[PDB]
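Here's a solo chain for you in structure tokens, the form solved without the ligand.
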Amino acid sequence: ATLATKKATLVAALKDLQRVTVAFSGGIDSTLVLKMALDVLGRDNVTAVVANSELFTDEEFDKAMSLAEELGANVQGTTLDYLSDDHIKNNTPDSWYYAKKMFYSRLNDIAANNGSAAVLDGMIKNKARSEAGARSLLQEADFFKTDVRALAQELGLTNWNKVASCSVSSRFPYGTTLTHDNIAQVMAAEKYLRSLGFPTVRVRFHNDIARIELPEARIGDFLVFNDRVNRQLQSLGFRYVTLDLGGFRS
């Protein structure tokens, strides 16, 4: 019920596993997992893995790989071809599942190859991981968001990814087929908009229409960029560039 007992449960489970592979996103959860694993098992018994794929930006991958090295961990990139699975490529509502199944499947192959006893992720108390058998040790020790921040301060952890990102599949309607070209064009559009000073942004894909979602409090500030955004996204392949009057997550 106290953070000390919850931290005791986490140290004991890690001592039990002896050698672990950690699915590392750069967030505060996996940062806490990978830092506790290094402290109890040592650097040669922990492998931090960062997933690289089309569905996430090449820049966020670089960020996660540096944060793992800053913790003092051996970090390893693995490249996933999500588009090879037809459920992910045709963006059915179960795409989230086959993406997560192919992710944990690759984590088990490297953990088999490195002699680890488990795959660890950063899920707390607030379907594919349990199918493959990954362990959420923070969830098993009854960590909540407050306990993660509490133990992170106890250990001196201050640096992590404060915004967590979503799969780029969210910018496509169900049934639309994802290609190498329309994924890349959606991400260039969002990287350009972020470059203008709009960190929270979405470019929803509707074939020849780009549908830009912004926080409504920023749309007044956005007017001075209308024409540059319009022609920049047309040079990326959109025929029409539009702004959704509903705002962010209409």
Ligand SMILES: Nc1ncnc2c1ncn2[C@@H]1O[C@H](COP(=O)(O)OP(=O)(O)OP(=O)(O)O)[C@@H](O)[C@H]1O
Given for the second form:
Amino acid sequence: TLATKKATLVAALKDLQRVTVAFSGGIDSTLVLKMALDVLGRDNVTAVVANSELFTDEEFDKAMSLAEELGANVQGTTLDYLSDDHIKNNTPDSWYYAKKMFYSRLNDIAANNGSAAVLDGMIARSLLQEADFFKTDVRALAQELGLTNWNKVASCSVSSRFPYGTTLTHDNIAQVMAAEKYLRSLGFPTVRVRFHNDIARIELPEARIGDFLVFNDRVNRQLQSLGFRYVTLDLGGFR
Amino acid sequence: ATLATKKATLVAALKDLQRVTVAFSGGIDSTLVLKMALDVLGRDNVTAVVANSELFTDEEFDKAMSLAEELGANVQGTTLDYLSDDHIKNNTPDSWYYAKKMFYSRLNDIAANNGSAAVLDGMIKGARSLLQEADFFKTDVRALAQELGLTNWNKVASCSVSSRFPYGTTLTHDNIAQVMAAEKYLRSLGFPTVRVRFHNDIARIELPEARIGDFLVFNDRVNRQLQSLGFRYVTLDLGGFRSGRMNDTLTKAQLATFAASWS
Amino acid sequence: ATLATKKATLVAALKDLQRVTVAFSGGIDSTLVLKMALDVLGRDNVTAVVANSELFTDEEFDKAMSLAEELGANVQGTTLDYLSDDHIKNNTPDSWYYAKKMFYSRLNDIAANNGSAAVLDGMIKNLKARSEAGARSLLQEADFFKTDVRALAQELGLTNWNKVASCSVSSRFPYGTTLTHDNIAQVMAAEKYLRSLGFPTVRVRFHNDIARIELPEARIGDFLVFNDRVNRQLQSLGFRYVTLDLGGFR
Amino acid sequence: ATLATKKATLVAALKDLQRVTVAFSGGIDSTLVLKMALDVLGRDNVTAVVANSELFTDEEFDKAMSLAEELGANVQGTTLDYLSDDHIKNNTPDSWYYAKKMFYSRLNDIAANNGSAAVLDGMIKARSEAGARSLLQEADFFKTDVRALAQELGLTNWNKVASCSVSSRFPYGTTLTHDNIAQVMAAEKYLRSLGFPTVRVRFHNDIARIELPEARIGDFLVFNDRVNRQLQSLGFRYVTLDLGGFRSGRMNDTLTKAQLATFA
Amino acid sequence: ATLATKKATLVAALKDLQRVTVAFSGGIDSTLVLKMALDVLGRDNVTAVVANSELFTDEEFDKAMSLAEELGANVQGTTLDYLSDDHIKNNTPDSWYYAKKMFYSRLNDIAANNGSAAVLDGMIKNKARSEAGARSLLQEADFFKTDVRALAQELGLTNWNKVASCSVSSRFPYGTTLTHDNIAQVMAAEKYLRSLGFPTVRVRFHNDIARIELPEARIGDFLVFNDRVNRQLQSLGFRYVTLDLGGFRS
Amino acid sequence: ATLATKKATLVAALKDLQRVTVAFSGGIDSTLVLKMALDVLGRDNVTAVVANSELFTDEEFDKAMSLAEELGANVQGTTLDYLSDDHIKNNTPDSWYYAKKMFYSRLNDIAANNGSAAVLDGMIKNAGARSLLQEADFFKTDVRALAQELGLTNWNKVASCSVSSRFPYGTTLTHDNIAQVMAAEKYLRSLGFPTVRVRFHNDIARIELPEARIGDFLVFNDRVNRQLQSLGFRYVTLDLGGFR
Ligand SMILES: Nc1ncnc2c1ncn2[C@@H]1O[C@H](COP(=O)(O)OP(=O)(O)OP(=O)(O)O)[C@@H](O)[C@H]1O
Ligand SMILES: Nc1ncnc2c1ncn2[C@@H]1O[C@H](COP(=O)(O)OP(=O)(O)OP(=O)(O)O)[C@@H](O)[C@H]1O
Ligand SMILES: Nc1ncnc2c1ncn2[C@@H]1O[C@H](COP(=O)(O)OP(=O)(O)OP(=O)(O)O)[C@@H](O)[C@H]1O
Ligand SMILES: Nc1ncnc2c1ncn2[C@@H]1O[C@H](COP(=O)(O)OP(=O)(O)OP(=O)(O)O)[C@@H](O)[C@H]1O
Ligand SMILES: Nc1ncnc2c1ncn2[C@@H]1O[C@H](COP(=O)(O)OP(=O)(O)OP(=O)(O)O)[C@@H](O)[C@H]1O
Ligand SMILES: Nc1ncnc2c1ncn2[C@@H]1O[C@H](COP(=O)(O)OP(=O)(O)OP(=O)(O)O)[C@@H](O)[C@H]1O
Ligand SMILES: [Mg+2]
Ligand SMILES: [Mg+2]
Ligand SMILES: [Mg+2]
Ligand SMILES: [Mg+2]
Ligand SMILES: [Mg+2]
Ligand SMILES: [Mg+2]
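Moving on from the form solved without the ligand, please list the structure of the form deposited with the ligand bound.
Now the full complex is given, and it begins with the chain already shown.
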């Protein structure tokens, strides 16, 4: 039952005392943070929102507001992922070196503010995952707590827009980020502007490509003014 | 009158029954009944029963079983053999009634053995439909479900696969699986509301009209996929899913007459 | 041989016949036969005949009638009752021979009654019913292939002819399905309505209570604005379900 | 009767007249009259007149002048100011008639000054007021007889594109101006330039209401934004697409085509 | 500083007022106010008022009345005749203000007649209200949008009208006279279009023209309804039914 | 000037030349020229030459050979190797110049060897070759009018362009990369899109379509994607700007 799973989560937090919660602003880390606040109190919880080049300022700013809005003391940290050459040169194992810096930075903060653990929200401790929370358990328990506000856009590292072996730069990331942001603003929340030097190759879910046709000309000019020479749509669609 | 009066009628009927067996489909209506029964009578006085059958997907049974447990109910699966009844097997126009009889015979048998005073279902405006007795309309169901914190249920209206077949066509495991696989494939492309109507060698696909503009990119893949499942011709119904429900005043009048001409 | 030798062969055969009846479909081949008959024998000595029937559209008929007039021929329409022949009515693979037999029988009656020496059709080189009725395919006898037809038509200044290939409506019904006046009309009215929307190439395949519409796949995107009207229009023609074949044309 | 008799009637009427002024639009009908007039009376006895005006495109006028020259006729262009008549300028339901009145008046003036015996048009009361002669109609030509004789005469060049007075883009009672006429003409030309040869930009003050064949509306969506901006820069505040399309109800099922005709 | 400090300011202002009349729209803000008013003053000391009018739909009124009941408040509906004010009727750029003037006038009449010490609305930190002395307690306690959601969550509030309504006058050009008939026809058109799956829509009124505003991303799927939408809005009184090429809020 | 006047100028020039070799593409312009030459000089005094090459399609070549015979000309096929020239093969902005040199050079050899007085092509208004339509001031509208008057109706209506334009400047043309682009465009034309470019970007194909056609193309996305991948592209894409 959900009530049995919440007790597992309630009990696990009680044993840990002071915690540092890795907070993404999504529904999962939102549930963890609110449950931590409810059982341990605001003086014993630290919300950490990681800012970095591989994810959007909109997600960072949204998460920072939501943690404060949920009543947690919130702290920002900036990771410089591109200082790592594996990330900078986008190898197939970049993902690994990024996570190392992420968890290292939160492990440093937790040891430095007296936390007993770093917590995350995977379906470090994933107490939701240890308590056998499914996606549906997350929804019911959050509604029960009166939670309705969280970032519903699933973010993924911008390195996925670049081929392996391509050097990431500050300029490349900003160009892809602005292009994807413009496209979401047209009504397409799921999109990728895959970077191929002078070509942008846009990925949309195949079910959305018919609706996109009204925007062809505007997207072409906009992504050209961001620096692409050719703006194209992948016939295979998203993934 | 207000929702609170409708809720109070519901609480009162539940307490009077003491022990209930709740037929739980996973839709929003039976969820509210199940939630209310647990809350007023307690978990030891409620048995959630989910009927699994050949006419419905294992996906709906599994989803329903998990939701009943997640709400804190003891839930037991039971399997009905609808195709053992000749009216159902040959899909007569009253097949629905013998299916419902076989359904309710099974839940009354379960109720007698677990000491329940009644079988509850989620019918709204031998079994008891407390939502209907308390004058719940569809909007009342949604308001109390929101008030109660209920957010998980199957939001796609489930329907017996017999409706995909003409009256008089014999249902088989082969033709049922053929219809379900076609519907599962179409859902897997992003069309959660769809019907693959069976007409022997013709597949007639029904979509919400608002989605048919999106579908064209899949024409060739759906054609070839449904052919390998056994159809010779794969077609899209021009009237779409629930023809006439979206139409202007004159053409809903016209399509309703067309729909009555084949009564 | 040269186009000129083939043209000369055709001219001499026409001269020998003096008076002719041309089976005129409006297509390029009988257009060439008809124009040549006119040029060699004169308008007074040529009767152009367009057959109207239940298995083909009135639009194809009226178009041929106007085209023959435009070439300067006296044209007469005749009606065939193909469904009175049970071999046609029962839609077997050999129905088309009995259709052509009835067709050539009517043209021989017309030719006999106006004193023509032959019935002419536009068969070209690369048919039993034609020879058994004694009709002449002078383009085929003169070794005209399709490019010879185009070459002589260009030389004659012919530029207007019916470019739409006609097909008997019986292809809308599966083999063994009985043709009736009502089910033929139902398919014809349906296809005529769909063409009127801007789809000149279309098929309404008959499957009793199901209409299965075939469109060129490149046109299906345009069709969506018409879904509801086509659905209701074809139900009012008697179908229970109106469907679009996901496979497209043929 | 027979085609040969209809041609003879036409030839004789031409001979009885001896000198004519032929109203030449460039269409097939006035092309046939002009060719027959030349053949019977000779170029010195035929004057081709092409009327230019604000209610039609410059392309069609220039096209007609060249076509008459191609037939070997002495041709005169004349310009009409239809907007000087208040019925035309204020677009009343009878505006068309006063347009023809001004048209036939100007051609009669030309014919009287060059010594023609009649004005000829290619029609198959403004003519009975002016004295205009429709010799094809007096000889009972139908449309196919016009086609037969044009082919028989070896005519192959004429304007096959249907022209329509731009006054039809304006509601009755709306004042035509040089500006709003040019505004409508510029809009339709832009839409034709995108690949839409059958189109109307109906004028509704600050609104443009575009009529397209419905089979084209799906492809048109790729141009929405460019059309919106282009027609706004021509002076419309709102650029809209008629949901009923070009010639509403002509492509509707029987029930809803009679309900669309009832509403109108 | 903190939500708690802001909540405290609001609670004290509520206590100081003892008895209040709450202007309840059904939205999140006035939902927060009404819940705070009920929790602090008790159900006998708060009157929830939902304004019904021609410039808004019966559906939003029915939702707000029902929502106020769900919160456990005594709620009373009142009807405003916005069209009685000629500034509103002739839709000048100042129509909005004369509407709010009439609104706050009616709420003061109710509050004075039930013995309330103030009318409360749900204005937050982010006009004709101050020209009536109505109190925006969330605004005085410096509630921003995040504070409203933060406190609503803490109070267990999850149910409110999430669809922001908009006065139907925005469908009419400045200088256009609003009538009972043209308001109702614009409202029925938008309702019919919402019923097709377009919750964000505008039917702009231009006498005999309806100019429909849709999000551009929806227009590809909308084509399947063109003819039905065309005939439906003509049956409502439009002579022409059109789609704005610029989309929603062009 | 009237069409009859320009045609008369054309007739006189042809008579003046007596014997000509006509560079025949199958398009409307060279079709008009070829027909006028045949009509004025007779089949014995006209040689139609159709150039086959690696930069233009075998289909357009076969169509012209058929069209020349149908027009009543003795027609000769000749094969050019544009790629044997390094300027062409290395695809610079000067490639066109060497291509035209090689083209007119081969036609001059043919014309000199059969005794023609000139090579004729179909240039219209707006080298060692005569463009009689341009000298007689034919515009596109005059070409069509005279073509109709002559009863000409059959010609290749899709405007041809050297395949080298599918590759960026500085990209070396190969037999393989050309064939890959030629197969991709042929597949696309076979679906009903006679105007298309498959622009080559190594592992990316960038398809250009007339924008008016892009709405209908969507029913083909997956098949074009799969087909152009088996031809060797990794990503198959559509240019949002459309054709040209
Ligand atoms: N900027 C970030 N800052 C802090 N924590 C993060 C951040 N991004 C990801 N995480 C942490 O890592 C966990 C898993 O990350 P991820 O976003 O990939 O999965 P998720 O399903 O979206 O979880 P969530 O719903 O919490 O966002 C989050 O629950 C969260 O604890
Ligand atoms: N497989 C099933 N297993 C158990 N109970 C079922 C099942 N299907 C239907 N029911 C029960 O019988 C009632 C009838 O459900 P039905 O599908 O006919 O309408 P419904 O609106 O979908 O109901 P609901 O919202 O409760 O799912 C359900 O409310 C539920 O109580
Ligand atoms: N409705 C018809 N009316 C008169 N003759 C017809 C008709 N249909 C076919 N024919 C005659 O029979 C001949 C064969 O017609 P068929 O359609 O099988 O071949 P075709 O290639 O289309 O020839 P064509 O170019 O003349 O149309 C025609 O050339 C014509 O002479
Ligand atoms: N600009 C114009 N200039 C001179 N005459 C004109 C002009 N427009 C129309 N006409 C003349 O008035 C007659 C009627 O023209 P109308 O457009 O009404 O019919 P039509 O069927 O198109 O005739 P046509 O084939 O000659 O174009 C024409 O036949 C022609 O004689
Ligand atoms: N029909 C109405 N009846 C009663 N009060 C209303 C009504 N409409 C608006 N209001 C009141 O006026 C205040 C502001 O109105 P408005 O809708 O413009 O802003 P809002 O930000 O949407 O507020 P809310 O979230 O409460 O709906 C509302 O918070 C509410 O107190
Ligand atoms: N494969 C080719 N073979 C023979 N001649 C050619 C060929 N391609 C071009 N030409 C000749 O050179 C001239 C210029 O051709 P080009 O394609 O560049 O322009 P064009 O407008 O298409 O002319 P056309 O209508 O005749 O094809 C042609 O008219 C023709 O005379
Ligand atoms: Mg997340
Ligand atoms: Mg259900
Ligand atoms: Mg034929
Ligand atoms: Mg005309
Ligand atoms: Mg609101
Ligand atoms: Mg060419």
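Heads up, when I say rigid core I mean the largest set of C-alphas that superpose within 1.5 Å between the two forms. Numbering follows the first chain given and starts at 1.
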Would you indicate which listed residue, out of 176, 161, 78, 170, moves its Cα by 2 Å or more between the two forms relative to the superposed core?
161
